[PDB]
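Participant: The primary structure of each chain is shown beneath.
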Amino acid sequence: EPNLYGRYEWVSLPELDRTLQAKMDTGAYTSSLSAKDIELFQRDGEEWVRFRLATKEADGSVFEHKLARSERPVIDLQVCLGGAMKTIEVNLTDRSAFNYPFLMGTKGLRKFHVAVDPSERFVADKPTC
Amino acid sequence: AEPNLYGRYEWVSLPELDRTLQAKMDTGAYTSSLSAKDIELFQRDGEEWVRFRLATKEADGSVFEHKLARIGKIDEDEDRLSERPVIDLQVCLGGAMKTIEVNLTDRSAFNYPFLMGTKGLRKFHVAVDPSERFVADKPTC
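So the sequences go chain by chain: W and Y.
The first sequence maps to residues 84 to 152, 174 to 233 in full-length UniProt numbering.
The second sequence maps to residues 83 to 156, 167 to 233 in full-length UniProt numbering.
Some clues are possibly wrong.
Within a straight-line C-alpha distance of at most 27 Å, the following computed BS3-like cross-link-like pairs (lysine-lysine) qualify [to be verified]: (1) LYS190(W) - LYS215(W); (2) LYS139(Y) - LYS211(W); (3) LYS149(Y) - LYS139(Y); (4) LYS155(Y) - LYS119(Y); (5) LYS119(Y) - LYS139(Y); (6) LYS215(W) - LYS230(W); (7) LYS230(Y) - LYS155(Y); (8) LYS211(W) - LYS230(Y); (9) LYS149(Y) - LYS215(W); (10) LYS149(Y) - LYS119(Y); (11) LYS211(Y) - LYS211(W); (12) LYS211(W) - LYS155(Y); (13) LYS149(W) - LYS119(W).
Taking CB as the label site, the calculated pair distances span [to be verified]: (14) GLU129(Y) - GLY143(W): 52 to 60 Å; (15) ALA141(Y) - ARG176(W): 32 to 40 Å; (16) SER223(W) - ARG172(Y): 53 to 61 Å; (17) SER223(Y) - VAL145(W): 32 to 40 Å; (18) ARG176(W) - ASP171(Y): 14 to 22 Å; (19) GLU147(W) - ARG172(Y): 49 to 57 Å; (20) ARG152(Y) - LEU150(W): 42 to 50 Å; (21) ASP229(Y) - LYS190(W): 46 to 54 Å; (22) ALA141(W) - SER174(Y): 28 to 36 Å.
Covered, in the sense of this in silico footprint (three residues per stretch, anywhere, with C-beta under 8 Å from a C-beta of chain Y), are these stretches of chain W [to be verified]: (23) 134-141; (24) 210-216.
None of these hints come from the bench; they were simulated from the model.
For every residue, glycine included, the Cβ atom is placed at its ideal position computed from N, Cα and C.
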């Protein structure tokens, strides 16, 4: 029944136009995205956040997302895994010191119906959304 | 060739300690950990040992002693820095028994006193389905 994937998989973020490597982490609950220049602001009476990506090949592109319903901002992010696309909660924090700029926590794995085989890696190949 | 599809939490048993505990199956972590307190190294018969108590909710003041494997670590290992005692512990999961490296550290703040990291899961050839729980039944080894 579940999609048997590896310890690391490619993900695509259509709202960010980025393909990143993600660590499939059954120990974590929420997912996380490497971000810097994080600034909370308000628009039309709602709480938004803007940020840049904190990756080795990042650029100066700024993205804006409404906060979803720790102290890290949480957004609803579109994530393409394998041939599926789902919207999951992702918190923004600087992951420059880690090997993978994206971390897929347990809730995202459940939403994607994924089981993590720690012996495998990159089983889902490139994301097609 | 097929792995054992287990859940996010599983029963494990430790025969050298005679203890059955709940374990979080953690593909993010690399090393495994056992909730321990009053950790004290000592020497006996020229060998290096470590003495400790379990730091669990259902507490018990039993004192365990175990041969020491090493202290601290020896590219996939991103665990926090720790120079804490490590033991080669016999773990029984489902119906399988294997010896794995386990760090002694206080986990009394967490919900599960045992945490099996990626190395132990690979040793047991286990894949974690976070949607399921306690797929492997009581440890019968």
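Participant: Now, for every hint given, state plainly whether the structure supports it.
Facilitator: How the hints compare with the structure:
1. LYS190(W) - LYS215(W): holds (7 Å)
2. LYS139(Y) - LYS211(W): Given that 27 Å is the threshold and the Cα spacing comes to 26 Å, the pair holds.
3. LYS149(Y) - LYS139(Y): holds (25 Å)
4. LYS155(Y) - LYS119(Y): holds (19 Å)
5. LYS119(Y) - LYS139(Y): Holds. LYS119(Y) to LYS139(Y) sits at ~13 Å (cutoff 27 Å).
6. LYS215(W) - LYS230(W): holds (19 Å)
7. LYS230(Y) - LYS155(Y): The given pair, whose Cα atoms are some 31 Å apart, is violated under the 27 Å limit.
8. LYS211(W) - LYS230(Y): Judged against 27 Å, a Cα distance of about 26 Å means the pair holds.
9. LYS149(Y) - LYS215(W): violated (43 Å)
10. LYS149(Y) - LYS119(Y): Holds, at about 16 Å.
11. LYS211(Y) - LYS211(W): Within the cut-off at roughly 23 Å; holds.
12. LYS211(W) - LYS155(Y): violated (30 Å)
13. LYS149(W) - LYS119(W): Measuring from Cα to Cα gives roughly 17 Å; hence the hint holds.
14. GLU129(Y) - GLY143(W): 52 to 60 Å: Check passed, 59 Å falls within 52 to 60 Å.
15. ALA141(Y) - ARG176(W): 32 to 40 Å: Since the Cβ atoms of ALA141(Y) and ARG176(W) sit about 33 Å apart, the hinted range of 32 to 40 Å holds.
16. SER223(W) - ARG172(Y): 53 to 61 Å: Taking Cβ atoms as reference, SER223(W) and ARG172(Y) lie about 24 Å apart, which means the hint is violated.
17. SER223(Y) - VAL145(W): 32 to 40 Å: Holds, at about 36 Å.
18. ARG176(W) - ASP171(Y): 14 to 22 Å: Given a distance of about 21 Å, which is inside 14 to 22 Å, the answer is holds.
19. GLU147(W) - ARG172(Y): 49 to 57 Å: Violated, at about 33 Å.
20. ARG152(Y) - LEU150(W): 42 to 50 Å: holds (45 Å)
21. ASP229(Y) - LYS190(W): 46 to 54 Å: For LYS190(W) against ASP229(Y), whose Cβ atoms are near 32 Å apart, the range 46 to 54 Å is violated.
22. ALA141(W) - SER174(Y): 28 to 36 Å: The hinted range 28 to 36 Å holds for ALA141(W) and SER174(Y), with Cβ atoms some 31 Å apart.
23. 134-141: Violated - the segment 134-141 of chain W has 0 residues with a Cβ nearer than 8 Å to chain Y, which falls short of three.
24. 210-216: holds (count 3)
Hint check: violations occur at hints 7, 9, 12, 16, 19, 21, 23; the rest are consistent with the structure.
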